Structures are given as C-alpha cells and as structure tokens.
Amino acid sequence: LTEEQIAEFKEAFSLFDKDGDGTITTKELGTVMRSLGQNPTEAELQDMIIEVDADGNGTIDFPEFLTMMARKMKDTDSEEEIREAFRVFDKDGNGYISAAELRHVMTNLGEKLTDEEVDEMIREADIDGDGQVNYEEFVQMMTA
Amino acid sequence: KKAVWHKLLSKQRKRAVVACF
Ligand SMILES: [Ca+2]
Ligand SMILES: [Ca+2]
Ligand SMILES: [Ca+2]
Ligand SMILES: [Ca+2]
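Chain order of the listed sequences is AAA and BBB. So the first sequence is numbered by the entry's author numbering: it starts at 5 and just counts up by one. So the second sequence is numbered by the entry's author numbering: it starts at 1 and just counts up by one.
None of these hints come from the bench; they were simulated from the model. Ideal Cβ positions, reconstructed from N, Cα and C, are used throughout, including at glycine. Treat the hints with caution; some may be incorrect.
[Said to hold, decoys possible] List of simulated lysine-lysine pairs, BS3-like, C-alpha gap at most 27 Å:
(1) 95(AAA) to 116(AAA)
(2) 78(AAA) to 14(AAA)
(3) 116(AAA) to 7(BBB)
(4) 14(BBB) to 1(BBB)
(5) 78(AAA) to 7(BBB)
(6) 7(BBB) to 22(AAA)
(7) 14(AAA) to 7(BBB)
(8) 78(AAA) to 14(BBB)
(9) 2(BBB) to 95(AAA)
(10) 116(AAA) to 31(AAA)
(11) 22(AAA) to 2(BBB)
(12) 78(AAA) to 95(AAA)
(13) 76(AAA) to 14(AAA)
(14) 76(AAA) to 14(BBB)
(15) 1(BBB) to 116(AAA)
(16) 14(AAA) to 2(BBB)
(17) 22(AAA) to 14(BBB)
(18) 22(AAA) to 78(AAA)
(19) 76(AAA) to 7(BBB)
(20) 22(AAA) to 116(AAA)
(21) 2(BBB) to 14(BBB)
(22) 31(AAA) to 7(BBB)
(23) 7(BBB) to 95(AAA)
[Said to hold, decoys possible] Example chain BBB residues on the side facing chain AAA (calculated, C-beta under 8 Å, incomplete):
(24) 2
(25) 5
(26) 7
(27) 8
(28) 9
(29) 11
(30) 12
(31) 14
(32) 15
(33) 16
(34) 17
(35) 18
(36) 20
(37) 21
[What the hints assert, rightly or not] Looking from chain AAA toward chain BBB, a few residues come up when the C-beta cut is under 7 Å (computed):
(38) 16
(39) 36
(40) 37
Using the sequences and the accompanying hints, generate a full structural model.
Spelled out as structure tokens, the structure:
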C-alpha cells in the first residue's frame, strides 16, 4: 500500500522480468525457478501464470504482480524479508541456525555445499562464539 | 564467504515470491 512497499515489490518484479519488457513470461518464471533448486514442468509454469494473469494475455504485468504480492505478503520490506528468511532457515525454531540447518537451506535453494564452506559461513557470522547463527548475527551478515 | 550468505538471502527472497503465484 505504501510507495516503500510498492517499490520493494517493483524491485522483485525486475528480478523475474530480465529483458525489462514489463511482462513476466512462463519462460522467465521457469528460468528463475530452475536457479532456485526447483524443477517445474511446463504445465506447472502455465498453471502459475494463469492463476495471476488477470487480463488473460498470457504474461504477468506489474499491476497483476502487485495484486498477487499484496494478498498474503505481510509488510514486505527489506527488514521483513530478512526475518522471514531466518524463520525458514531456523527449521527447529530455537532461534539459532545450526550447521545441519544451513546444509538443508543450501540443498533446498540449489547451492552446492562442503562442510568447510558451512564451517566458514558460521565462523564469519558467529559474533557470540556459541557455534550457531542467531537473528542479530544473521542481520549483520545480510544488511552488510 | 559473506557473498554466499547474500546468495542464500537473494535465493530465499525469490522462492518466497514464487510461492505467491
Ligand atoms: Ca519479460
Ligand atoms: Ca496479463
Ligand atoms: Ca535451529
Ligand atoms: Ca552465535
């Protein structure tokens, strides 16, 4: 509803509309999803486009995207996205990201891992030295 | 590497958008 919120939605739209032609195609959607560790079928991509495509021209313009984003988005600002990402990453909900939870996230998002890379990511974020990443430590890594 | 933390945030933001479709 705020321009702060609309601008943040506009930035996300720009991540799907790579060619900048003001529309998201089934091809652009699949491209993004295949970079995110997903493997959608054509039928799945078509089903997701039709559900959002209000005028029925077969692509998603910014007004259609904004409508979709407004229904079940929350605040959807830079801080809120970092919080929702932490809540997904903290699988057991204790308020700490463990090495096993980070491995699960990397696998989920299509990122190749090693124990040494995970150990180094925890080491560089772990301000209080408890061997896990809390919300404050996660923020500091992400904002900066 | 901080870059990989950033990569994970950017990827998770995109998955959160994909889930609204
Ligand atoms: Ca486009
Ligand atoms: Ca349309
Ligand atoms: Ca946890
Ligand atoms: Ca810690």
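Each hint tested on the structure:
1. 95(AAA) to 116(AAA): holds, 19 Å
2. 78(AAA) to 14(AAA): Satisfied, since the Cα-Cα distance of roughly 16 Å is no more than 27 Å.
3. 116(AAA) to 7(BBB): With a Cα-Cα distance of about 12 Å, the restraint between residue 116(AAA) and residue 7(BBB) holds, given a limit of 27 Å.
4. 14(BBB) to 1(BBB): holds, 21 Å
5. 78(AAA) to 7(BBB): Roughly 23 Å between the alpha carbons, so the hint for residue 78(AAA) and residue 7(BBB) holds.
6. 7(BBB) to 22(AAA): holds, 18 Å
7. 14(AAA) to 7(BBB): holds, 20 Å
8. 78(AAA) to 14(BBB): holds, 15 Å
9. 2(BBB) to 95(AAA): holds, 21 Å
10. 116(AAA) to 31(AAA): holds, 24 Å
11. 22(AAA) to 2(BBB): holds, 25 Å
12. 78(AAA) to 95(AAA): holds, 20 Å
13. 76(AAA) to 14(AAA): holds, 16 Å
14. 76(AAA) to 14(BBB): Given that 27 Å is the threshold and the Cα spacing comes to 15 Å, the pair holds.
15. 1(BBB) to 116(AAA): Answer holds: residue 1(BBB) to residue 116(AAA) is near 14 Å, not above 27 Å.
16. 14(AAA) to 2(BBB): Within the cut-off at roughly 26 Å; holds.
17. 22(AAA) to 14(BBB): holds, 13 Å
18. 22(AAA) to 78(AAA): Holds, because 25 Å separates the two Cα atoms, which is no more than 27 Å.
19. 76(AAA) to 7(BBB): holds, 24 Å
20. 22(AAA) to 116(AAA): holds, 24 Å
21. 2(BBB) to 14(BBB): holds, 19 Å
22. 31(AAA) to 7(BBB): holds, 22 Å
23. 7(BBB) to 95(AAA): Distance of about 19 Å is within 27 Å: holds.
24. 2: Holds. Min distance 6 Å.
25. 5: holds, 4 Å
26. 7: Check passed: Cβ of residue 7(BBB) comes within 7 Å of chain AAA, closer than 8 Å.
27. 8: holds, 6 Å
28. 9: holds, 5 Å
29. 11: This interface hint holds because 4 Å falls under the 8 Å limit.
30. 12: holds, 4 Å
31. 14: At 5 Å from the nearest chain AAA Cβ, residue 14(BBB) passes the 8 Å test, so the hint holds.
32. 15: holds, 5 Å
33. 16: holds, 6 Å
34. 17: With Cβ-Cβ at 5 Å, under 8 Å, it holds.
35. 18: holds, 6 Å
36. 20: holds, 5 Å
37. 21: holds, 4 Å
38. 16: Where the cut-off is 7 Å and the nearest Cβ of chain BBB is about 5 Å from residue 16(AAA), the hint holds.
39. 36: With Cβ-Cβ at 6 Å, under 7 Å, it holds.
40. 37: Nearest chain BBB Cβ about 6 Å off; hint holds.
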